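Only one chain is shown below, in structure tokens, and it's the form deposited without the named molecule.
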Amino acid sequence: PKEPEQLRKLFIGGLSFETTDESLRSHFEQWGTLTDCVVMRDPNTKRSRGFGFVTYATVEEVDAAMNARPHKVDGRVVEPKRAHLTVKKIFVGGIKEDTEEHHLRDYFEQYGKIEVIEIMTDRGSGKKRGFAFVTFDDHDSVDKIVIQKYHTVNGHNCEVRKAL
């Protein structure tokens, strides 16, 4: 059936205070069907809080919207994020001693543009320790990676988390 609603949402920060439900929707409907679109407002003044959210029908639509950044909405470049600890680096554990840089590259390059691959080695012996760090040029790669239940790299079932 339908992917969980939480995984179909984009929070949108940095809105122009003149953006409305209607103008935010007209913008983001370019990349898919929107089931919901709200600008957050003060309950008493109705003045914009400067952020909102949109909900797409599918995760592929969320991907399309993030691939179309930067978004200029009503004259202002906004900041869309998936459902925040916003980082560009992941820890990859469980890769043992036989996983190479090209294994990590070939797998993770389909999530985002890779800038650094660091396979960790023992400070004394030089032996591989069984984990690595991958740095991307942008946070959405990481956000897509860490919501997956599973990552299989070089036949290993890997543990992947955000790295600070």
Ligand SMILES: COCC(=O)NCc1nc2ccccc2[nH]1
The other form holds:
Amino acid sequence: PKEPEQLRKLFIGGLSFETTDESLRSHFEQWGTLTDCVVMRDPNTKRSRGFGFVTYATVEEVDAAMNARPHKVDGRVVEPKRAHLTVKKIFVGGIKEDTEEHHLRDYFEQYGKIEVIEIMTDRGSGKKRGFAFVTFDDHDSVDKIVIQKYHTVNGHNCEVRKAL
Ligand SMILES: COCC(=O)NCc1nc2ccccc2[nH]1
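Okay, that was the form deposited without the named molecule. Show me the form deposited with the named molecule bound next.
Below is the whole assembly, all chains and molecules, this chain first.
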């Protein structure tokens, strides 16, 4: 069946106040079927609040829209985000002592462009502590990662969360 609607939404900030439901829709329909598209407005003045949201039919369409950033909508670069604590770094726990950089890179590179991999070691002994941090060049990688129920790396079922 269909992915949960919450995972098919993009919250678009930074809109031009002249963007309408119709112009936001015409823009974002380039990357998929939109089941919903709303510009948020003041209830009395009808003046735009400068943000809105679009709902795609599938998660792959959300991915396509995010991969097509930067989006210039009605002359202004906007800020799309999935369903916000916006960070580029993750904690990866449960990797034990046998997990190496290449295991983490080969897996996580498919979520985004990696800038730093830090495998944590004991300050006194140098032994691996069984966790790591991965820093990406952009927050959408992290957002995709943390909504997955499971992460399997080097045969380990890992705990992954946003870091700082
Ligand atoms: C990114 O996190 C999801 C979320 O709901 N953030 C606040 C939020 N609430 C909204 C209601 C209508 C349109 C846009 C909205 N944005």
